[PDB]
Amino acid sequence: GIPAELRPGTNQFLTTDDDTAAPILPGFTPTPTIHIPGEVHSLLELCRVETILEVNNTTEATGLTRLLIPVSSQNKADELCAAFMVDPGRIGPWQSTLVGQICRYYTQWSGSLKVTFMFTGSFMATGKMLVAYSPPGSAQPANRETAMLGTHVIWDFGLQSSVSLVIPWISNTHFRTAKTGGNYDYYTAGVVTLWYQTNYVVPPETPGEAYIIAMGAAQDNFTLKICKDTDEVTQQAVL
Amino acid sequence: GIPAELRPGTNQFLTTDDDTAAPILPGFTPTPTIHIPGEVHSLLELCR
Amino acid sequence: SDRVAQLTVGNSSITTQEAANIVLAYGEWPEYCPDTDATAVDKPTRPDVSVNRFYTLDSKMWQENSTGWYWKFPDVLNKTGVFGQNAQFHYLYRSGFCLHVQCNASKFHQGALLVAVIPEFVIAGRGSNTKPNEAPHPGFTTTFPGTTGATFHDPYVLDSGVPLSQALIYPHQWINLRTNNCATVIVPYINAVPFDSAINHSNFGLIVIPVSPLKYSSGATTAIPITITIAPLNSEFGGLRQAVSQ
Amino acid sequence: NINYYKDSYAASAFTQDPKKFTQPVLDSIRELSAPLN
Amino acid sequence: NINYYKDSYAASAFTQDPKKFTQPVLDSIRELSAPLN
Amino acid sequence: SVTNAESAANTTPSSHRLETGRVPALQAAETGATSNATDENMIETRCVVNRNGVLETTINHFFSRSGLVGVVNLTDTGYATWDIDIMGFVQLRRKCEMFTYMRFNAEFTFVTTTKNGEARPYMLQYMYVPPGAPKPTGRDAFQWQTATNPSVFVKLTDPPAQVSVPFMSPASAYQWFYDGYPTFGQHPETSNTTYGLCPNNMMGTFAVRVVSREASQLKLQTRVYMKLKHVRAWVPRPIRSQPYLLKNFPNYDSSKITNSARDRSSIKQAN
Amino acid sequence: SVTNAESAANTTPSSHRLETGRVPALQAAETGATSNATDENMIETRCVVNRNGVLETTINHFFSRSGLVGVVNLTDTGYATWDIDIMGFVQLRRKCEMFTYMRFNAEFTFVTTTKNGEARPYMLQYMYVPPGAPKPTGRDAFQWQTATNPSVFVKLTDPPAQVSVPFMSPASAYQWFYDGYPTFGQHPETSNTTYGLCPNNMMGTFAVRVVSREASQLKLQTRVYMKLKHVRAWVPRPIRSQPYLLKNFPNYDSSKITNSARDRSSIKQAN
Ligand SMILES: CCCCCCCCCCCCC/C=C/[C@H](O)[C@H](N)CO
Ligand SMILES: CCCCCCCCCCCCC/C=C/[C@H](O)[C@H](N)CO
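Heads up: the sequence lines are chains Y, H, C, B, R, S and W, in that order.
So the first sequence is numbered by our numbering: it starts at 1 and just counts up by one.
So the second sequence is numbered by our numbering: it starts at 240 and just counts up by one.
So the third sequence is numbered by our numbering: it starts at 288 and just counts up by one.
So the fourth sequence is numbered by our numbering: it starts at 534 and just counts up by one.
So the fifth sequence is numbered by our numbering: it starts at 571 and just counts up by one.
So the sixth sequence is numbered by our numbering: it starts at 608 and just counts up by one.
So the seventh sequence is numbered by our numbering: it starts at 879 and just counts up by one.
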């Protein structure tokens, strides 16, 4: 026969290896394929769909009312309404979404994000809001004039009331590890805050408290790399 | 399969050998390179 | 030219003056089965008028402490009209649907409804039991509600262990009482087999779920009705034999 | 991509279409225009 | 230089420019001439 | 339309807008459509040529990794059977249940170890029993003559065995969720033990024995790893957030429902 | 300008100079430039065609040798972890610290020996845990299911395992010297435990176990050798002359500073 030498790597079973195997059924031909609507080709098609964020994930909260941001009439101006971190691979509102559960299978994410705010309230209740994304640096801003120095959008309540704040890609490096906390505070993305521009005005005979639904998705700049495992499932023994 | 014989030098790990190895991350593409001034190509540039 | 709309199917029509856009599930239109995907030998029947029209189910009450409702759509129209008779006599079934949900309110009410379809929407059994031969399974009236619907127990997990926050990957719309008073979703025939029985297998299922509760001031109308009108577009039946109900 | 067997399933192994999940609406909405008139 | 894998980093492996380390001066100095006038 | 992609999308330069009627910020989420507001219409941006690779996020690269499908105990009856279902472990089951329909091939690997862990130079026979074929009733019965069933002889001191399995379903795709009943007739209200059982997913039995006429005195565990390949997916659905309880049923707990986002102090404190 | 070279430089014949104004001997070292006085302008020389090969002094030929990167002790907890840093041993660390920036691939080799030294026919699993992935907490935990992490099964009686590792940094190059802080805020004056820690060089954890369900009674050392390949270097810097004290820090001794040239009798005696 031919002379040959065996090298290191012989007799190993690599998990993520691409190698052929010997078949079991000779001359087999499977069942003919039919057309089923909704064929997916990559996982970036699932990351660009809006999905309700759980911004109200605090305590003293019921099952479903964790998905709503309460808005009501104020007495002092400039008041803050809500705030949450941007990191999708971090515990918080980005964990109930779909881009947060897919970017948890991958280690390094990239690209710009998108947060859509829909106003569930009465037709006669108006108002304005200021949604401000702030890059890393100091902690959550304490005032509204501090938040206006970042990247903000002023959204009023009208016939559409479905605004969408884009979160651009402002990073030093190309990618960011989806592991934050402690020595990994170098990959934080900033804070998205929601303030009150003017107020939540409302006429008589109308409820004085409504809700905002926040949803989150990725953009066409989104990219994912280095497949890892998730930490939502746990198993002691076989089912 | 093909007939073959194994020769001396089989199952040895030579330190200064030039041989390929099986990768670990399939379909990987590294971070794009940027321009950093002062790239060295040999050690005779440091000896002068 | 975008909010007023009229949908006429068969001998039935549906007009609306405030609405969202018409959704098309997965960008595919429901059409007849081609001769390539088909496998049954006998020729199917196509009424195309008597079975493709708008069937209206009963009205569900919209209150303050509601949880939600779900239907199994190839099983809700098994007692209504010529579609039900054909689905009882025949053995194979294939059609697309068109689902309209009307829930109108005034300019002083507020709330939100998530209306979506789930292909192969499987009901889970609530209970902590890891033994397979004793665990609690849902009843026949829980899995197949019929033309009377069934309410949820935990809308936070869709009664299936799946978070309803991510239920926006399905074809869906929102009934927001300040933007639209109705929702519409056209769905093709989504299945891994060309023909299937319309008796012991329900393709998909609608779910109306109160996300933002219904709130109003004293004096306004309290009970808000909810109606759903559906249309089996492009119906095909096969395998005619004795009539079976279930 | 070389295969050593008669059967093709024993061998060794860029299309995207997000417009059927993101915007599966009948009437197409524009970017700069308002969604509803 | 034959590679048996889809990824190019699993494969197997005369430029010199000493003028950026030896004489990185703006004004070029000649060989036979004095360096400073 | 269908668009190809070698990398991610690029950005073009943008300037300030000062005009009425052009509002790329106001959307309509009631219409069931994702917002399409891009960066060039929201904030003044620069031009970048993004050459980041999006190649390793496809279905083939996401599913072509050998997980764990089943451990078979042979604490020597003389033989060990194992119904083939990939829902035993909650690591690959979740990824598979991310979709409704999947059509793929399989690449099984058999890693067999001893009580503490060892490789004694014995012989092992793995046999596949299709639905309808006779299951072996003993360690020396005639069902082990495998005149037509695919069988594999391997030693414990050999590399782990590996085979490739085609698409063996009678339907056109494997469905992980089946809303219906396999049989007909009157169905009970108390306990539906057959709800959600797709008969097009039952693929047969996997038997294993030690090739001998006497009884070898060892107990051993054989692990079956699957690597999906040539995979196609249909009708994506959400990912499960509740803990698993059963294999063939999506059961959860009525009380003690785990929230999908951990608790914080208040809604006005992002820290 | 950029010049190629197949060998070293040649020499041309030279004669005696007798003239004023042409001084190739007087340089100016204050200008920060190396002297350029060649042989043809200093002494009368002959012509030689120098065909000595300068090919094996490049960066690729200098770095493509398997050194030693890390010894991992498994004196069987049941498993052994090892943070991946190539600064543990002072043989390859010096060559790597000759430069400021380096971009390369890796070729790991795993040589595992027993207490005295032996190869018992057992099984070993090496698993790579990227930053963020869950580290195994036991010898039979679920983190060893490696549904997505790269793992290697090898026996002690096998040849040493070998894999190839790509450039896995988020930055464009590995930097061995980082003048800054990874975090923000007020930094202390007493003990800066985070000074000089580049977060773009932390690559993850390397875990190793014996594949078993009982507890095998052996202690073993696994050695991890790295061979750099496809290497590029930037910003060369001097070579360290002081002994090493720590791994991640260039600490030296204030007292007892070793001179970089051994002592002799006097400056006027070259012997
Ligand atoms: C003994 C050597 C040959 C072994 C042959 C075993 C392969 C036959 C089974 C094919 C497995 C197909 C993949 C899984 C099928 C269904 O989806 C599962 N039942 C899921 O419930
Ligand atoms: C278990 C088989 C696969 C093993 C995978 C291990 C490779 C992952 C680490 C890549 C090593 C890159 C080279 C060294 C990186 C940094 O420069 C060091 N931290 C230096 O401090």
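Bear in mind the hints are in silico, worked out from the structure with no lab data behind them.
The beta carbon of each residue, even a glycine, is placed where N, CA and C say it ideally should be.
Check each hint, because a few of them may be wrong.
Simulated crosslink set (BS3-like; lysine-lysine; CA at most 27 Å straight-line) [to be verified]:
id	chain 1	residue 1	chain 2	residue 2
1	C	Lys418	S	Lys702
2	W	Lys1013	S	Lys702
3	S	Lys742	C	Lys418
4	W	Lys1033	S	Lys762
5	S	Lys826	S	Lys702
6	S	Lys762	C	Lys418
7	S	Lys722	W	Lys973
8	Y	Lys179	S	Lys702
9	W	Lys973	R	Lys589
A few chain C positions that, by computed beta-carbon distances, are all more than 10 Å from chain B [claimed, not checked]:
id	residue
10	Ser288
11	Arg290
12	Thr295
13	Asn308
14	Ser337
15	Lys347
16	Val388
17	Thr509
18	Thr516
19	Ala530
Some, not all, of what chain W presents toward chain H, calculated at C-beta under 7 Å [claimed, not checked]:
id	residue
20	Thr936
21	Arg943
22	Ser944
23	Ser1042
24	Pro1044
25	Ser1050
26	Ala1111
27	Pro1128
28	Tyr1130
Now the hints, each set against the structure:
1. As the CA atoms of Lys418/C and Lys702/S are separated by approximately 24 Å, the hinted pair is consistent with the 27 Å bound.
2. Only pairs whose Cα atoms come within 27 Å are accepted, and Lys1013/W paired with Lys702/S is accepted, the gap being roughly 21 Å.
3. Between the alpha carbons of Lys742/S and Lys418/C the distance comes to roughly 25 Å, so the proposed pair stays at or under 27 Å and holds.
4. A distance of roughly 15 Å separates the Cα atoms of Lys1033/W and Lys762/S; the hinted pair therefore holds under the 27 Å criterion.
5. The straight-line distance between the Cα atoms of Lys826/S and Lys702/S is roughly 32 Å, outside the 27 Å bound, and the hint therefore fails.
6. Our distance criterion of 27 Å between C-alpha atoms is broken by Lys762/S and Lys418/C, whose separation comes to about 36 Å.
7. Distance hint between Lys722/S and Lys973/W is unfulfilled; the C-alpha atoms sit about 47 Å from each other, more than 27 Å.
8. For the proposed pair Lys179/Y and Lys702/S, the alpha carbon gap of about 21 Å is at most 27 Å, so the pair holds.
9. At roughly 23 Å between alpha-carbon atoms, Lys973/W and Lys589/R fall within 27 Å of each other, so this suggested pair holds.
10. Not every CB of chain B is more than 10 Å from the CB of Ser288/C (nearest about 6 Å), against its label as outside the interface.
11. With a minimum CB-CB distance of about 6 Å to chain B, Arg290/C fails to clear the 10 Å threshold, and the non-interface call is violated.
12. Interface exclusion of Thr295/C from chain B stands, the closest Cβ pair being 15 Å apart, more than 10 Å.
13. Not every Cβ of chain B is farther than 10 Å from the Cβ of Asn308/C; the closest lies at roughly 4 Å, contradicting the non-interface assignment.
14. For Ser337/C, the shortest C-beta to C-beta distance to chain B comes to about 26 Å, beyond the 10 Å cut-off, and the non-interface label holds.
15. At the 10 Å boundary, the C-beta of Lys347/C stays outside the reach of chain B, the nearest C-beta of that chain being 26 Å off.
16. No beta-carbon of chain B comes within 10 Å of the beta-carbon of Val388/C; the shortest separation is about 16 Å.
17. Here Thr509/C stays apart from chain B, with its beta-carbon at least about 29 Å from theirs, past the 10 Å limit.
18. Listed as outside the interface, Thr516/C is consistent with that label: its C-beta sits roughly 18 Å from the nearest C-beta of chain B, beyond the 10 Å cut-off.
19. For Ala530/C, the requirement that its beta carbon stay farther than 10 Å from each beta carbon of chain B is met, with the minimum near 38 Å.
20. Of the supplied interface hints, the one on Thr936/W holds, with its beta-carbon coming within about 5 Å of a beta-carbon of chain H, less than 7 Å.
21. Satisfaction of the interface hint for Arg943/W is found here, the shortest Cβ-Cβ separation to chain H being roughly 5 Å, below the 7 Å cut-off.
22. The interface hint given for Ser944/W is met, as the beta carbon of that residue sits about 4 Å from the closest beta carbon of chain H, less than 7 Å.
23. For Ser1042/W, the interface hint holds, since its Cβ comes within 7 Å of a Cβ in chain H; the closest pair sits about 4 Å apart.
24. Because the closest C-beta pair between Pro1044/W and chain H is about 5 Å apart, less than 7 Å, the hint holds.
25. The beta carbon of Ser1050/W comes within 5 Å of a beta carbon in chain H, closer than 7 Å, and the hint placing it at the interface holds.
26. Proximity of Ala1111/W to chain H holds as hinted, the smallest CB-CB distance being about 5 Å (cut-off 7 Å).
27. Contact between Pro1128/W and chain H, as hinted, is not supported at the beta carbon level, the nearest pair being about 20 Å apart and thus beyond 7 Å.
28. A distance limit of 7 Å between C-beta atoms decides the matter here; for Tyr1130/W the minimum to chain H is near 23 Å, and the interface restraint is violated.
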